[PDB]
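Listed next as structure tokens is one chain, alone, in the form solved without its partner chain.
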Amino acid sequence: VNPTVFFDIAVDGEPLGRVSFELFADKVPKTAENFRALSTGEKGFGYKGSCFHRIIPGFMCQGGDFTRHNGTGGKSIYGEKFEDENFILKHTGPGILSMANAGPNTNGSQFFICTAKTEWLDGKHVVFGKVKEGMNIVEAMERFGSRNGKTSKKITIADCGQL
């Protein structure tokens, strides 16, 4: 079946709670595997200790830049970038997990958790999972965002792995 991965979220080092994601390996196996492996760290690098650098309430939470912590870095398990696998799945509402990118076929490690329906991203960003448990924790994280995306406290992935 599809893998489930968890993030344990901290706010300025204090524990907030746990989010778990279902990864749609049955429909986007290469994209799901990248996120899974970065969550376990099994390749020697990944998300543990990294931050959510951009949070816009009513839009999305963005993270995954574990090399420069500000949206300019990250890398995939396949190299610096990899292709758009397919666009079968759509941005249907809160909880959707989708890849950030900088143009066609530029996926790395950055991702965003949607907190609203974002249909204008359909066909441009690859959807590859959804929040399974802990959407309330995503809602709590949202409250530390701002209109321009800067967070008022440091939101980090204190631990992560596969359930």
Given for the second form:
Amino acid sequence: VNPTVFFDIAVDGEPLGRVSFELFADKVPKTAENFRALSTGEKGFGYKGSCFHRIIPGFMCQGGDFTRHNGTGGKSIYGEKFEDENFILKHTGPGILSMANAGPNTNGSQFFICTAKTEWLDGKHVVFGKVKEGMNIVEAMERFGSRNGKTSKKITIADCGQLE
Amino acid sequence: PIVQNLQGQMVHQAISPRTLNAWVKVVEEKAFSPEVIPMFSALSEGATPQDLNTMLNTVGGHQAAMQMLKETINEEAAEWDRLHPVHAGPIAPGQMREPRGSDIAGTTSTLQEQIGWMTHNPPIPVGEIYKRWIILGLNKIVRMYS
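What would the structure be for the form solved in complex with its partner chain, given that what you showed me was the form solved without its partner chain?
So here's everything in the complex, that chain up top.
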């Protein structure tokens, strides 16, 4: 049974709602372990307090750059970056959780949550999970995006950890 | 070059062989004297980085000078990367990756990506930026020719 993580999402400091994710650790164990450990903050760094710095409506919400907060940063629990584990899972629709990267084998901490079917991302980004509960929160985050990704309000991970 | 068509938009046209030849003839007569810098800049309006490299790769001789130039373009490419850190993706449909140094100089970018940057809205003017680099390079190598 797959690990489960949650995020409490907030906008300009005020609660929005909790989103929960199943992580497909059977298919991509190292990539799922990275995201889970970063969500509990058990190695002393991770997602708590960081921002969704790039939201593009009809596309995805991207966060996880906890070092530089604009997409130029981030790190994994394996070091600066780790390899693409496989591309077994594909971008089949809304709620898919996938690794943002700067090219092959440059997975760090940045991730995205798809708000549509993003087929052309197949084989480029590692898919490692899916939204289990709270797709309405991600649909409500979309509102605060823009076509170039800049957000009109600070969308933050107020808190996070492991449910299961 | 990139140009406007009857319907409104900017579209690619191939470099004129007559432009190329004019450039070739300026170098034969003047070498790399100062006066070639304004010539180059006039002859390269709206040029893509691929056009700019065609112009440079037509020059016969002046090998010392051409290496100097390439080394100067290479410094500017590295400095561009130093000042424009890469932003992690995914690329939205209609969008393009952000150009690296190597892309602006035409080494790692195809003509279609160059057209892509130069015709986006807002435009990333990889032609104009590369031309700036080249013109700095020319302003260095013209020392060998007073």
